[PDB]
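Sequences are here, hints too, so could you generate the full structure?
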Amino acid sequence: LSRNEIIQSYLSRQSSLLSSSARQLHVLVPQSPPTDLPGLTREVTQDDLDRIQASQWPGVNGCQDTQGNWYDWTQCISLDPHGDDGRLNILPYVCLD
Amino acid sequence: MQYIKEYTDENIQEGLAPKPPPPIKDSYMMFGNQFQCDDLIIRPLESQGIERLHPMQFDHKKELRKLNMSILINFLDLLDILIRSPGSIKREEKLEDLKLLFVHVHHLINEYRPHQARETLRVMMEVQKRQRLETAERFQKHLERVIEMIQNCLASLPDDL
Amino acid sequence: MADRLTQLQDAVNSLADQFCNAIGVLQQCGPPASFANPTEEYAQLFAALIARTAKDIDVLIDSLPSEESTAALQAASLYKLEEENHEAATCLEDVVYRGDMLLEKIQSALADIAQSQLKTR
Amino acid sequence: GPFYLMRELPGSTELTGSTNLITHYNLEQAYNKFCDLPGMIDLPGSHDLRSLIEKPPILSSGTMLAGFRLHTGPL
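Residue numbers (the working numbering), protein chains in the order written: chain A, -12 to 84; chain B, 5 to 165; chain C, 4 to 124; chain D, -18 to 56.
No lab work stands behind these hints, which were simulated from the structure alone. It cannot be assumed that every hint is accurate.
Said to hold, decoys possible - Quick list of in silico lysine to any residue cross-link-like pairs, SDA-like style, CA-CA up to 25 Å:
#  : chain 1 : residue 1 : chain 2 : residue 2
1  : B       : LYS9      : B       : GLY19
2  : B       : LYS94     : D       : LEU2
3  : B       : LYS133    : A       : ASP67
4  : D       : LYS14     : D       : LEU33
5  : C       : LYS58     : C       : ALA25
6  : B       : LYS65     : A       : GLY55
7  : C       : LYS58     : C       : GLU96
8  : B       : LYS65     : A       : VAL14
9  : C       : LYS58     : B       : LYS94
10 : B       : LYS70     : A       : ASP67
11 : B       : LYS133    : A       : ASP34
12 : C       : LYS83     : B       : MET129
13 : B       : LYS66     : C       : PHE22
14 : B       : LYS103    : A       : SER(-1)
15 : B       : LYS66     : D       : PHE(-16)
16 : B       : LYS65     : B       : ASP30
17 : D       : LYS14     : D       : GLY(-2)
18 : C       : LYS83     : B       : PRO118
19 : B       : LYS65     : A       : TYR58
Claimed, not checked - For the chain B half of the interface with chain A, some residues (derived, Cβ under 7 Å), not all of them:
#  : residue
20 : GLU67
21 : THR124
22 : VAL127
All C-beta atoms, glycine included, are put in the ideal place defined by N, C-alpha and C.
Structure below.
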């Protein structure tokens, strides 16, 4: 608190950057006016459950991406939001077992 | 620290004289030091204690991006406070202000925590289902092989006879 | 742990920590005045780090799930998965039953061959 | 549109520490003058123990009768 020195300030730098971290970002998702219980109110049907099981749904069953690669919830996404060599690594959302 | 001694004195007996388990409590208890009354919401609302900046449109991702940008712009305005008039009243408000913003950025993403919880159950069930079918198919292939194995050995035996 | 959510929480806390560290550095240490270069380098590095943290927080926010998949869509999918898990359980039980019968038959046959071969001696 | 909890920044340049406080406080010419009074007073007198006692009294803080009772001889 009282004093910050070159070596200690650089320690702060590497610790903060290792905690935190041509585009390769996720494809943007717009707002969603049809939501299933409140918004659109679909009576329980069947197309929605078959889409949530088998197909690709980019807001529900995974995160899509530029360069095309699909990632569902149990996988870890490697990206690079900056123009550097440092890569963001989004951890899995679920982490089964 | 102590040991409930009256009930352990009760337990040494025979016949039906020992005691039954207590009934389930559906109201305020006092475990530990907190109360932990039942029927609590997992995420207690923000309207119980602090202000609320966001309406019921509540499309979580847009408001999280809004709160990120609001945090950065209020940091820049705090820098404008420190440049122009450090003795102003507003900095105290400002040093409160972004605090409230930070609270909301935590309070929205805690609302992803039940959802994440429910969602991990869903994918666990899917994986569970898939593994069952895989073992079924695996076993059936083994069954088929065993059958044809028996068959060809039976196909060998009259050829010895 | 190990979720996108805990990553986002740690990123937001790192943003607040970089705020306090940036002010505490850039007010405590400076060249005096005129009516140093290390301090200017420190300022550039701190600004870059804050910008990078903001970009990372934005990317993680984009990454989490939408305001579609409400809780009822999770619950109905859970219901359907319970039904199909019951059906998969009974199907696995049937194939195990057929295999068990075949195994007991071949086992008894091999035991009878062994009894005959020992009795011939 | 508007960010959450924007407000009005203070008056553009009020009293700060970034101004020249001395020139605003009319003290410039004294500094431009300034940038021993033992010696400047020894312009008047001869030179400049019990003077330590003078400074210690500084750190601590019947005339005709005296002339009549001041009897002492010459030699």
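Hints, verified against the model:
1. B:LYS9 / B:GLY19: Holds - the C-alpha atoms of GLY19 (chain B) and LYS9 (chain B) are around 21 Å apart, at most 25 Å.
2. B:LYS94 / D:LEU2: holds, 24 Å
3. B:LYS133 / A:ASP67: Judged against 25 Å, a Cα distance of about 35 Å means the pair is violated.
4. D:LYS14 / D:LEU33: violated, 32 Å
5. C:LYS58 / C:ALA25: holds, 18 Å
6. B:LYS65 / A:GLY55: Status holds; Cα separation ~22 Å.
7. C:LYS58 / C:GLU96: With a Cα-Cα distance of about 52 Å, the restraint between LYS58 (chain C) and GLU96 (chain C) is violated, given a limit of 25 Å.
8. B:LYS65 / A:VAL14: holds, 14 Å
9. C:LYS58 / B:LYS94: violated, 28 Å
10. B:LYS70 / A:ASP67: holds, 22 Å
11. B:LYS133 / A:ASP34: Status holds; Cα separation ~20 Å.
12. C:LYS83 / B:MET129: Roughly 10 Å between the alpha carbons, so the hint for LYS83 (chain C) and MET129 (chain B) holds.
13. B:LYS66 / C:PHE22: holds, 23 Å
14. B:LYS103 / A:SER(-1): Since the Cα atoms of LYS103 (chain B) and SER(-1) (chain A) sit roughly 23 Å apart, the hinted pair holds (cutoff 25 Å).
15. B:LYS66 / D:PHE(-16): holds, 12 Å
16. B:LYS65 / B:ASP30: violated, 37 Å
17. D:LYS14 / D:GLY(-2): Measuring from Cα to Cα gives roughly 24 Å; hence the hint holds.
18. C:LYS83 / B:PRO118: holds, 20 Å
19. B:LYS65 / A:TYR58: Roughly 19 Å separates the two Cα atoms, so the pair holds.
20. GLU67: violated, 11 Å
21. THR124: With Cβ-Cβ at 5 Å, under 7 Å, it holds.
22. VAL127: Since chain A brings a Cβ to about 5 Å from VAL127 (chain B), closer than 7 Å, the hint holds.
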